[PDB]
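FYI, not all chains are in this one, though none of them got moved.
So that you can tell them apart, the chains are marked A and B in the order they are listed, and the count of residues begins at 1 in each.
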Amino acid sequence: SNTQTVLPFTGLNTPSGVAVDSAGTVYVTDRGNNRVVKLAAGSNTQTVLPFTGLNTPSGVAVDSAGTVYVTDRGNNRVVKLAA
Amino acid sequence: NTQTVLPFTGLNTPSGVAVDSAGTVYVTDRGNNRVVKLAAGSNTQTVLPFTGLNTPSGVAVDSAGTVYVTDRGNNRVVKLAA
């Protein structure tokens, strides 16, 4: 027998991509809501990252400085946001 | 400039990939509602014991070998400890 854990993100619609940084913060592209949300390790409350003008964001990555990169699928671009 | 096709089998619309420190490769096998992994060396493919996935879309693995999946069809994010 095994255990899987549902992360306490809220109000997701068609989540499309996930990244995890060195601190254990989890970042998710909430595709159907045109937004990117995150949850700190231990934290109970998701925060919405201040990207703008997203259309169907499809993927997310985070580098060693905590910069977050997102593929903005509907706008044919990749956007990044410093920590 | 030679690419190598990995010995995964039975994939249907694979949607995401992650690789851990040991070189194990994890794939969200979206059309089969599962996540599979391929062990380095042995090339043994196993299905990760997630349950109730619907069109999983993205996967990540952290330094502790915890696997995170976006369970797209169920509007949730799930993880599985090593």
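We take it that a contact is a pair of C-beta atoms (placed from the backbone, for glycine too) under 8 Å apart; a residue touches a chain by one contact, two chains touch by 3 or more.
Oligomeric state of the entire complex in this file, given as copies of the one sequence with 2 shown: 3.
Methods note: only the chains that are shown with their structure count from here on.
The distance from the centre of chain A to the centre of chain B, with each centre set as the mean of the Cα atoms, comes to 18 Å. Considering their complex, residues 2-7, 9, 12-20, 22, 24, 26, 28-29, 31, 59 of chain A touch chain B.
Of all residues in chain B, only 16, 49-51, 57-63, 66, 68-72, 75-81 touch chain A in the complex they form.
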